[PDB]
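Here's a solo chain for you in structure tokens, the form deposited in one PDB entry.
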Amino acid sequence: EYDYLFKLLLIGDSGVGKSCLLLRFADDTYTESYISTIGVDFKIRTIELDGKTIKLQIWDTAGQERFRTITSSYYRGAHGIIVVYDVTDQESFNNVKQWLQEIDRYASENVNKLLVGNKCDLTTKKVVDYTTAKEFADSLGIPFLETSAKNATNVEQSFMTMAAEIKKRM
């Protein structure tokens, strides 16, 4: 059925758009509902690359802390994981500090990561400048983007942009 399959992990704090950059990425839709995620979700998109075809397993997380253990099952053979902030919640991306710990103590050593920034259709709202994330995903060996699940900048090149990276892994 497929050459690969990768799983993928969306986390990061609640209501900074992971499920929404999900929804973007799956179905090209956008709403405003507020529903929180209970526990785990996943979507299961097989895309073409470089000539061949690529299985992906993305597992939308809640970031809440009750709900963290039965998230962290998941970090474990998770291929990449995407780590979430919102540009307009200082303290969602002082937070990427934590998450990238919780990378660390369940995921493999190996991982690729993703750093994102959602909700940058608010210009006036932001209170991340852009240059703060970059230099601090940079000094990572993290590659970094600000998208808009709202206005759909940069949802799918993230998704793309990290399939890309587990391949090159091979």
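Each form is matched to the other, and the largest set of C-alpha atoms that superpose within 1.5 Å is called the rigid core. Numbering follows the first chain given and starts at 1. Compared with the form deposited in another entry:
- Looking at 38, 142, 127, 26 after a core superposition between these two forms, you find that only 38 has a C-alpha shift of 2 Å or more.
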Given for the second form:
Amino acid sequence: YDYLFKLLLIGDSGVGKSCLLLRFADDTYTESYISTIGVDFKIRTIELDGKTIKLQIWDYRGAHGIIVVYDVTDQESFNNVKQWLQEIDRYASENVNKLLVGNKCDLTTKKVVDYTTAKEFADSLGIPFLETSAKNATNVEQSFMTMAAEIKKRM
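Now show me the form deposited in another entry; what you just gave was the form deposited in one PDB entry.
Here we give the lone chain, stripped of any partners or molecules.
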């Protein structure tokens, strides 16, 4: 391994953090209600720019990057991203990497959080922004890859 990157998923309940994490780690997905992923964390290896990188993912101070998830169909969860970053400022290495994720990009009929206005926000904060679908398996890997990229960039 070239690096070990320790990642962390924040966000409101029902956004899909557990779905994303299990999709990404295990390639599983179920509509079924997840109380908990049964295990303290997930481990996953990826290759990137010639570099083999192990990931250790939770669902604060020892995280290299934190992913702040929200739901494109829940405007409530989007507004709360604001709080979820103040948390990061309080309990996290001062330059810990950040990525904003609007899960459930697949529910377009239900989409109330305009991509363009979430993007405009992440930009305003200087953060990368991706829309994902744990259900369809869309952008899920782009997301974690983008996170590695950003961490490997500060180093």
